[PDB]
Structure formats: structure tokens, C-alpha cells
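> Generate coordinates for the entire structure from the input sequences, incorporating the hints supplied.
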Amino acid sequence: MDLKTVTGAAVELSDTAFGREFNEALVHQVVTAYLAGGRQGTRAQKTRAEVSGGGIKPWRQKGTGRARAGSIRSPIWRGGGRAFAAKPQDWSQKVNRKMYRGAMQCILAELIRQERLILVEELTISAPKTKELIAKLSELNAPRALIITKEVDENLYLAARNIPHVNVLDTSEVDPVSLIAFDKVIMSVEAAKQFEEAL
Amino acid sequence: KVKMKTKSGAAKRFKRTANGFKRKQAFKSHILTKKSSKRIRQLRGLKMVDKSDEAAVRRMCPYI
Amino acid sequence: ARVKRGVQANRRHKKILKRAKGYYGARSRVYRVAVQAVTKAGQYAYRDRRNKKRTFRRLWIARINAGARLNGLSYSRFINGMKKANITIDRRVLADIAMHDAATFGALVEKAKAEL
Amino acid sequence: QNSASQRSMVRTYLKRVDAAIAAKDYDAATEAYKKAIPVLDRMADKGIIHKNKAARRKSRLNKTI
Amino acid sequence: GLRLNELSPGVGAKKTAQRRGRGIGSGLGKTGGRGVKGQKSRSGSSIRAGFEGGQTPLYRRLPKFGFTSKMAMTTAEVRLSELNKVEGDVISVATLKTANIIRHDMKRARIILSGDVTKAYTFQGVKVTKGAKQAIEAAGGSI
RNA sequence: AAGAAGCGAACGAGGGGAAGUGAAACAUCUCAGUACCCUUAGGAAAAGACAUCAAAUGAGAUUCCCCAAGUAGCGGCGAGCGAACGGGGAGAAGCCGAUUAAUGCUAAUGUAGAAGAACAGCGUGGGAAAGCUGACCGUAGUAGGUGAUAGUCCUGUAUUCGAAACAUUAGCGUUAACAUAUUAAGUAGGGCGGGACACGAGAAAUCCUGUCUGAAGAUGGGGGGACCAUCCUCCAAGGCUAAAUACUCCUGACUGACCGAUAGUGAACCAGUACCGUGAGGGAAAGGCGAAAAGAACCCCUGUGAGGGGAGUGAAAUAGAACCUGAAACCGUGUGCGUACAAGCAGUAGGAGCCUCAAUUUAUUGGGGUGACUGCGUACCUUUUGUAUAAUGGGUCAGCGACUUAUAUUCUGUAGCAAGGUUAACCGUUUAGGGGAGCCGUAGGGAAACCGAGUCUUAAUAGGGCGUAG
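Residue numbers (UniProt numbering), protein chains in the order written: chain A, 1 to 199; chain B, 2 to 65; chain C, 2 to 117; chain D, 19 to 83; chain E, 2 to 144.
For the record, the hints were derived by calculation from the structure and aren't laboratory data. Every residue gets a Cβ at the ideal spot worked out from N, C-alpha and C, and that includes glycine. It cannot be assumed that every hint is accurate.
Pairs of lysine to any residue, SDA-like flavour, derived with a Cα cap of 20 Å [what the hints assert, rightly or not]:
id, chain 1, residue 1, chain 2, residue 2
1, D, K33, A, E190
2, B, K23, B, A12
3, D, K81, D, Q24
4, B, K13, E, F52
5, B, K25, E, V12
Covered, in the sense of this in silico footprint (three residues per stretch, anywhere, with C-beta under 8 Å from a C-beta of chain A), are these stretches of chain D [unchecked claim]:
id, stretch
6, 30 to 43
7, 56 to 64
As C-alpha cells, then:
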């Protein structure tokens, strides 16, 4: 509810969006759905129909003393088609709107609970230059962090992108896999308010 | 899109109800003359599908 | 996500061929024969684990009979005399005493014959 | 994540251009739009945003200007 | 909020699928539960719906009865508990459509005594049962 | 004088058009207007403006997507086939020149390229990129290589960028080829026989026509699912029209919980090759030395052969060219024990002796190898009432080999919301957010009208049937 900025300013964040109890099963479902929808699912094998040749019966049904065959591209044979050859698949899952919103709520609440969320009044990099961002991170004692705030400036983006584990995202376009993955989170009070309105 | 095909005749034969299936009784079409009046009166009216038969009726007509 | 069976198949087959060490012919060299010999060996071990107790009771009874007849008594009377004397010594210990200590078995036979 | 940040950076500039349209000042809109153009062209190559969509946005913005 | 390394679905959320013909120990070996060699153990075997082995099926033993009424497809019954979705006080067919209580192509609507009326409504072009009317005018609505 | 011919992926349009199969048979039907044959275009094609629906307060061309809905219907009413009205979206456009082909300007793109930051010391190592220490660049930090794993060694990446010449796209200008109806008669409709409409002649509307016929022509005609009347809607017998839609022989960039030499294209290799066939046609196998050939000078045995032993090289030569590793079947050599008086699924439970390692203050135990002798013991799988069965299958080893995917539906578990739940297509700087069309539940009775915690049957208000947390 009542949090501190790095400077010391008191911030009022609602409990339903930043204090909801952690639901591990729901967070798991949403995170796995995001990971599954990250899949391309582009592959295929060739069935006996589409494997080259194989139209003729290799030998006559009886009299040769051999196990019967109908084609040289049956899955039993070397070089034959795949029984149940895979095709392109759609791995995306439909996440319920409320389930996703609640998973985000729980993720934020647990980030606060384990102190991996840091509120700042503002974060504006004066010029495109990595070292300035590194200097700011030095005083904030957050070598690795995920930065989310009202808007993303080109200079802050250019500074952030090169850094190994520093990434910048707008408040609207925020993912649970990112929030969970990156060790520390830097987030503005205005962005927090907009998260309250969104959730 | 691909959907299950309900049997058209089954759809006509069976009508849905809350807890059962209702069907018309047999043996009323024709030669009725020899049949006794009590049999005709008893045959008249709706009847309830048997517990065993309901399982197959459900597979035949799921949407109903 | 293809799976190759080579490594796991190799280790599975090596386990059986290791348990089949010392067997004759194909039984210790080729898997199709070794696996049957290992299963049949396990069956024999399972059955002889039952049978060994019977065999050793047989041997103990034979030795006790020999000792009792050396001391002038038969097994069916010596055991009856034990049971009437309330002597609880098992047949394994009785056979050990008969085989390695003649005088103590003579004393036991004396007690049995006094109880008969 | 990186691609998401690349996408994120453009939206702020487009919102600024929209505010410039609301102001109805020629130079303020022009500077912001010219600032945006190359970044959109660059993102088009990556395939994150459709080339047809980028061309439609450029035509709409030019018409607005 | 935890790590990606330590999220779990919870007990009972996930079940492992059965794989037929993967040895003796699995309990599905050699057959996959299909039994022994009959018609139902073959690859393309099914349970033909409405088939009794040659005996004339039940749905052909019994006669067809009734006809389908086209009016019944355009008439929607409305429950008293569903009116909390209505915007305003007037209850007409168009208001029901915009409240999504009835489908957009329904021509007629009927209100029945199923739940309770929380506020006073004005039922204009709809049929109201005896109990629904009494409950409506008990809640204050006038028809 | 100008065109055409022939070749070549898929998609489009049109002229013909099967059978296996399913119905547990089979002829109606299905398969299916699918396979195949034939003709012919364009980047799309077709269609397209109402002689269309609707019956609602009416809407306003065509095309495609999600619902409506597996509903209404058709159906040896069997198997199966299967809409439409309308709602929500994509895209929007109406015209009578929305045509083709060049040439000439303006703008842009493409077809070669250029620059492009920052690391040293120490120890190990054949070799440093890895280890320790301490630095630097970052609009360039998970790229490929370099003797082991490099942001700072190389090629690269971020970023900024060049065109003499030619192509392509758009805008403009101009030319020369073609076209430019003026409201529609052998036409609408009808008889016979067929075909298409979800619709199989059915009460069968609507469309097409092989045959024979044949109007009105605005005071008229078409449709509104037999048909009549009223009512509503629109003007066939002239032509054209972009977008949203379908595809990939190809070109550029990028991607992959796709494969890694029995896999992945048949083809990673001189592959549609060798080989097989008269021909149509079928159709393989086969990758890897080492970081760098530094690919073994020279000597020896040998026939100037093969092959090898030295020497040398290499970090390594049982890395020596059939060259990374190097399993199994299979076949050798050596050491230990057993075996030539003893009958059989060859093992197992005991067990003497012998050999070999360790202990141990020294033939006693522990580990390992063999196994004289005693007891028991007729393989595995399959199929069966029942198998050692003389019933099937397997010569052995290595690799490959068989319950899957999509959608629909029912039950169960779990999670979110909860008398409510949820969106689909689509928009979206695209996993967010919007999109409430639509679906399930909440009410049932009856064939239906209709009624409704009731309802059906009945003259009956009696009796009875069905009913009274998703």
C-alpha cells in the first residue's frame, strides 16, 4: 500500500493491484502460456504419401519367401515415411483476461514482498550514452534491472539496449515472463498508477 | 470447420427433457384392428427411454 | 525433438551381458540368449531360496539320526525324547554338536533315553 | 524483450506527433515526424512491423501534415 | 514473482498421458487395452453410433413424431433474474436485445417468474406470466 | 506490313469426367464433380451494382473471415449430405474509355561498395579466447572464425553513407492501337428429357438447355419456395469496373522447444548419377587425418610390388591417409582353473580343490578367476481349453520400427470469476489493450399454437406423464 521511492517520497499503490495474495498455480499457468505462445511451431516431416516414389509393390504377395511389402516408403523401411509425421502447429494458448490480470497482480505483489521492486520518481538519461546509465545504476545499487515507466525515450533505449541485463519497456507493453525473469525492477509512480487502472 | 454429425432421424425421434428422453410408443401404425382396445389406449401416449438406451441416445444426439 | 536410442540401449544391454558373465556360448555373448538365461537364473535363485532350507533341514536330520544311532537310538525317538525333556535345541545346533562334539551329543542322547 | 523495447520506443514518438497534430503547429509536427521516420524504416526490415502498415502510416502522417 | 525456475502448476492440475504399447510395466503393453483380436482391436475400428450388431436400432424401431415450428425459433423466454443487465427502466424487445438477454434476431419475448425483481420496470411489448406480473407489480413495475 | 506458334511451378476460369471405398451385402445414394484428360489467362482470376434480399424501425454491388449452425432442411428419411435469413468484421465504388503499348520528364527503389570504438600483465598450457589481477568502448555485449570459451585478434555489429550505366515503381505530359451500348425477341414463359440449386420429383418454388414452341413489351413484366388475391421490391434479353481473397518455379531479409549422414529433399559426396527396363518408368550406396601437410627426407626386409620396422613431424601417428571417437556380433594370441567312465534348455542352491591380490605377526580371514561332487531344473514369444511341444516367429549383432495431429463432444482434476462465465473473426508500434456478434447456464410442459413452476392428455378442476452452480 504505502511504499517508498529511492529518494524517500511516499507512494500510495492500491492493494488489489499491488497487494493481492500470491497464487502460484495461476502465475504458473500464465507464465507457461506466454512461453508456449513464444513458440513458432514451424516444422514438418514427410508421410509415405509425400515421400518420393514408393508407388509400386516391391515384390509379389506370395512365393518369394520374404515378409510382405506394399511400398518401399512404408515407415518400417529405411528411407520410408514417418508414421505420424509432424506438421506445423499453433502452440498459442488463450489466457482468460481476468486470469492474466490476476497473474500480473500477483507477480507485482510478490515482487514488492521480496523487495525486487524499486519505485523511482523519474528516470531520464540526458544523452544516448551507456556509461551514464551505468553511473545511475551504480548509485541505485541495481546492476541488473528491468525499467518500466510512462514513456520510452530514444536516448534511454539506446543506453539500455547494449547493457547485458538492462531492458526498458513501456507500462502498457509489459510481460510476466520479463517481470519474473529480470532480477530487479525499476518502475515509476505514474506507471504504477496506470498499472492500477489497467488491473 | 469440422463438427460432429447428429443423426437426422435420431433428432426427430428423440426430444430433450430435463432429466429424461421422451419417445412415442410402437405398434400403432396399422393392422391395429385385431389389437384390443385396452392395448390401443395403453399404447397411446408418450413413454420414457430406458436407462441403458439413454447412453446411446446421448451419443447419437449430443447437441440436443 | 528426436531421441536416439544408442547410448541407453548400449547401457541396457551391457547390464544384462554383465549379469550373464560366466555362461556358456551365446548365453554370455549375445543379448537374445543372455537375457533369457539371466531371467531363468533369477527364477532358479528364487526357487532354491525356498529349497535350501529344506535341504539343510534334511542334512541336519540325517546327521542327528547318525549320531543317535551311534549312541543307540533312532531319530524319531531321540526327537521325541528331546520334546519330552523340554529341550529346545534346534536341529542345526544338534547336527553341529553331533558332528564336532561326540560327548555332548552322547549326553543329550542320555537325557533323551532317560526321558524315554 | 529487446524487440518489445524497440517497439516501445516508437510509440512515444508517435504520441508526441499526435500531440503536435493537436497543437496544429507545422514545425513541431514536422520535427517529430522526421525524427520518427528512420526508426520506423529500420524496424520494417526486422519484420516486427508490416512494411505495408509502415507505408500506410507514412501516407496518413503525410496527409495529416 | 518467484523465479522462472520455481513455478509449479499445483497438485491435480496436471496428469500424465497414457502411452500404449510401451512394455509390461506400464500396464498397457502389447495391446493398449484393446483386448485380443476382434473388430474392436483393429486400427480403423470404431463404435458405430446407432448400430446394434444388425438388429434394427432403437431410433428405427420407434416412429418419428412432431414437426419443427419456425415461430419457436424467434421467441425468447426472459427470466426475472436476468433484468439486472438492462440499462434504464423500460423493458422492451429492443432493450432486451441491447442488454444481450435475447438474441438480436428474436422477434418476441416472454418474461417468466424465475428470480426476483430488484427495481421497477415498464414492460411494453412483451408477454408476462401470472407470477411474473404479480412479482413485477410487487416490486413496483406496471404493465 | 503486324502478330501467333514452343517451353515453364502452384493458384484462376471453362469443356469432359471415373472407380477403390462407406452403407458392415448392394443397385438409389456416397466417394464426388474428387483423381485424371483437354482448352486457356493474369498477377491474380472469377464475380460485381440489383428484373437482389427482406417483411424488421426495412437493407442497398461483388469477394473473403467469425457466428447463425451441424440449426432449417434433403435422405433405400438408411449411410450420409447440409443451408439460408441475419449479426460482427476485412475492404469499399461505381461507371459507359476504370483498355493496351511505347516514348519524354520529376521523385523513389534495386543492381557493385566506404568508414566504422575499445586489452594489457602473470601462471598453466602444443596452442589462451579459459584462470588470477587490473583496464578500456558501448547508438557496437549472447554473430562467424582465429591452435581451448574473445565486446576490445580478424571478418563483423550500432551508426552514417556513395551510382557512370541499366531495371523497376509511382506522378505528370504526349503519341498510336482498340473500344465507345442507349435500354434490348426467337428473348421471358410453356410441353418433353436431363442438369444445378443443402433439395434424390417431391406439394417443388428458383437457374441452365437438347427438342418443339413462344409473349407482354411500362395501362407492361420478373421475384417474394406449389398455386390464387393483396401488398412490397426491381426493370432481364448491351458492356465495363480497384480493394479486401487463392498460390509459390523464384528474389532479399529474418526465424525455428525442426533433422543432423539408416535422420533431413531420392540427392550434404560429380544424383535423377551408377544400376535395372524395349519403353513409359523405377532408382540407390557413399560425409569427418591434423590447428597448420608440417602428408613421413633418409635407412632396412621385400619383387623398384604390397606391407611393415626404424628415423623424422606433430600436443597426440593403435591421429599415417580405408586416417576424429571406435561399441556389438564375429575371429585370433597369452595367462589362471576345469575337462578324455561320463548322458539331456547348460542354469541355480550348496561345495572340495587350485590360482591370484590384500591384510594378519603369517595358510587364518576378505576381494577376484575356475568349478571336482550333490540336490532341483523340458528356452522365449504368439495363439490357445490346453504347449518343452514334433504348432508359429527369430542365424547373431548394431541402427531404424508401430496408439499420433486437427477439430467437435462428454466426464474428471485443477485455476480464475460466479447467477453469471466467456469472447470468435478482426483492430492492435500484435502474447497487452479493444472487439458483447455469438455460445453455455439460469425453466419446464406440449407435435404445435400456447402457457409457465407449472404444463400435456381429458368433458374433468378427477386420474396419470414430464418437471418443480455454472
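> Taking each numbered hint in turn, which are not upheld by the structure, reported in ascending numerical order?
Those not satisfied are hints 3, 5 and 7.
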